[PDB]
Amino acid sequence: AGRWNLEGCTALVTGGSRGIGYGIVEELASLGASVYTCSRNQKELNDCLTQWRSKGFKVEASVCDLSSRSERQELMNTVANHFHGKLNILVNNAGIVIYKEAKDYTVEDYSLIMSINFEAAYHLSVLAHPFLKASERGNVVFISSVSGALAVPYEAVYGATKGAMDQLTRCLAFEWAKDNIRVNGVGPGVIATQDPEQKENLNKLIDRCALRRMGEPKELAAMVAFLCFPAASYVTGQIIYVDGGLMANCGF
């Protein structure tokens, strides 16, 4: 790739059929990357491919259920073949939230959120490893959240999964250094992708931003792409927040 671009870089973005992931797929594609992404919705992915290839983006996508170990293993094989065994980038963007107090979560709830938020990311990171190391210039960008480090309503368990992800990110930056793989995390705040109380809770977050507004999917994606540029060669083991200043606030 060029210093400030991703020309010739193959990337896998998990969960790129909409919102943030969608923004990340367009962002990396528009910088010359051939992106492979997936989701559960058969119909939504094909509408994405419609628009992506319409803007000229070099993409590819299949349906996936990242809650399944076999589905994840199958995915890597499928993508590892699509790129011929060389993967430059891996964006662990997939995740879900179950709005319930920590004391209301059921076993089915916990197991499901843990599976998609952390285990699925961890697992696809290990599977991707041989190909990232074989790419000569590998990069893993975990999509975390401000919720992974600071308390947000009905996100006690969603935060736990992100806190484990952040720590795994730091550790992999060290463990996979010898394979020329840089591992970083990007924690979004409120990104513009109902219930009276959730409306206010969403309002409290925008209100606590310096910019006093939600971000756009391309604003978070700009940071992911960058971390993949050859220019960011010395950046690794970091959790960088794209949040309009939310993380740094207290009394504003």
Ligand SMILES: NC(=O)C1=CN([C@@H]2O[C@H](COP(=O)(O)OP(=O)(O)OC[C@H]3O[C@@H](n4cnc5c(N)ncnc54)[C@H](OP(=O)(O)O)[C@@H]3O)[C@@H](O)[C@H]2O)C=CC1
Second form
2 protein chains.
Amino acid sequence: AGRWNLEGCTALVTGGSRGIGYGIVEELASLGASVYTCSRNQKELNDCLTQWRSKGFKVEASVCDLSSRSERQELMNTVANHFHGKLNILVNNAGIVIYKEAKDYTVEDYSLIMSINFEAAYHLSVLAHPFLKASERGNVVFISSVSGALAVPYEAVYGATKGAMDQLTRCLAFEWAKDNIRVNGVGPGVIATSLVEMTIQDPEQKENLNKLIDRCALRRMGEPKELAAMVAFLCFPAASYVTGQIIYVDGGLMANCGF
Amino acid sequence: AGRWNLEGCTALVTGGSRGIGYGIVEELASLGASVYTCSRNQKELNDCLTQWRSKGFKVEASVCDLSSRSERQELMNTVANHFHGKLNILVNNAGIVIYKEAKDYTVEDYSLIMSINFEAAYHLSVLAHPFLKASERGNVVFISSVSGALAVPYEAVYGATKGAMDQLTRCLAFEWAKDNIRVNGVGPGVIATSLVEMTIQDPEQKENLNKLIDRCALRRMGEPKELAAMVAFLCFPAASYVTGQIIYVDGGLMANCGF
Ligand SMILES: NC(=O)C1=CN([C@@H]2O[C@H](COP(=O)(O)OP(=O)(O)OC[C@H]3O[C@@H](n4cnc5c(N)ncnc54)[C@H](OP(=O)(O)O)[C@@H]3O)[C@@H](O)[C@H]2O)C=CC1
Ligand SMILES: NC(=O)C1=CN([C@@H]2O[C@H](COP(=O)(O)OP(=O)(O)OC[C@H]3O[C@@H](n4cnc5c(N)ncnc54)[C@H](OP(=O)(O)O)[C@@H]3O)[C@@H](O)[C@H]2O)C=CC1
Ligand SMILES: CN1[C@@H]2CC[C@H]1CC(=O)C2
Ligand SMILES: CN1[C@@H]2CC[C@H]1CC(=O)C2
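Now that we've seen the form deposited without the named molecule, could you pull up the form deposited with the named molecule bound?
And the full complex, kicking off with our chain again.
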């Protein structure tokens, strides 16, 4: 792998069947990496593979429900064999949202969002650890959110899971430093995805969304690839001194207050 | 309650038999509030109740294991009955620490700490919400940790629970603002509690603690009364405009880097 590329590096991207995860598979696939992604739908993944492999991308995928502990274990074994026990990149992107007020959450909502958004990321990280070390140049990137540092409507529990993940990111950077593993987080602002799409279907969430874009310096939504570009850089051998950092690609929304 | 006192206010402080929590009961009550506390050791509570009552503090205590959804409800009912359905202050202080590296955490472990550290506080706040509202001047104060924002050894997961709490603190201040409730967090540094006394029994950890103390401006351990002091003020009517804050009572710990 070169200073500004991932030629040869292997990688696992959770939830790459849509949006940002998809933007990330393509970004790394295009920079030389061999990718392996997953989602809860085979037919969807297959349509993704058809598109990816048509551009010369070295990609492979398989159905997996990250909300299930036992499955995540199976996923790690398969990917491991696939990459011959050597994984350079782990992009913990899969995440879901449940728009409700704090007090309106059912044990079902809370347990689901926490297993998928945090548990799963924490869990996979640990499962991938021995392979990242053996790679001798591992990188773990967590996809956070601006919502894990600042309050947003209906995202209290969702931010709670992203705020947990960021502390995890920070601590792991220090525990795995000796294992050659750099650990970083990337907090997206508002990026145009299927998740954001289903969202604006609601007249309230749409009004709430335009508030966000207005509070931006760029005042527009990001593109799955503007986000993916930051994730890719963090994986190059060029980002060698960068670890334990949480970086936001929000078009300036984190720096705002009265604009 | 005057601008600088708590006379007439009612409050619940989880985990008041020892440490910071014991310290908080004494401070709020000393300031005229009517407290109710809990812990998993009845005999200890009884020694405390005898201590506090001896000096005239108005306080009640029941046994409850916060790691249990049912027991928590049980507690909210009594408390509410005890205080006639009006709760002014809720202080989510209970917490445990399990010093293992993120990858060495077992499920029982992750479940235990996540359950006590973040779940119960979240759950207890919601359950309390109705009487906090009825009181007409509700205050919720989550006891976080410096480890909730920065890497500390063996506290990767613990820190994740505080990072989740911290985000929830911010959001709740906004969701419950119209209910006339203020929500903040108080992140301790190194306070001399029984948890610490226990922690430094291990040589390696004794070394780790000293690392921190040498890392704070005031180069010393704070006292429970010193953490209680910051919690009693956010509850004072004098602190009416403070909401959504995470304040650190750490002797300078959070401002250091090269000292
Ligand atoms: N788009 C935005 O504006 C922002 C997104 N984010 C974060 O970015 C990440 C991606 O979100 P985004 O692209 O918007 O969302 P999308 O819904 O567009 O994509 C999420 C992807 O994750 C996959 N996924 C979800 N749950 C599982 C599961 N249990 N098992 C396997 N795959 C799963 C989905 O596949 P499937 O549904 O088929 O299972 C899908 O491919 C998340 O962590 C989100 O919190 C944060 C801030 C902003
Ligand atoms: N001491 C320090 O330096 C720091 C402490 N903190 C935070 O301060 C808070 C208190 O810590 P500290 O005073 O040091 O700890 P202590 O161990 O001294 O006291 C903790 C108290 O919480 C109670 N408790 C724990 N679990 C439960 C439970 N499941 N149900 C009911 N009560 C419970 C304990 O009682 P029992 O065991 O008998 O049930 C005890 O009375 C925590 O949130 C901790 O994370 C954060 C940073 C620094
Ligand atoms: C609506 N909401 C906005 C943008 C996408 C979605 C998740 C988030 O973190 C903030
Ligand atoms: C050692 N470690 C320090 C101080 C007490 C213990 C827990 C914590 O949160 C930070």
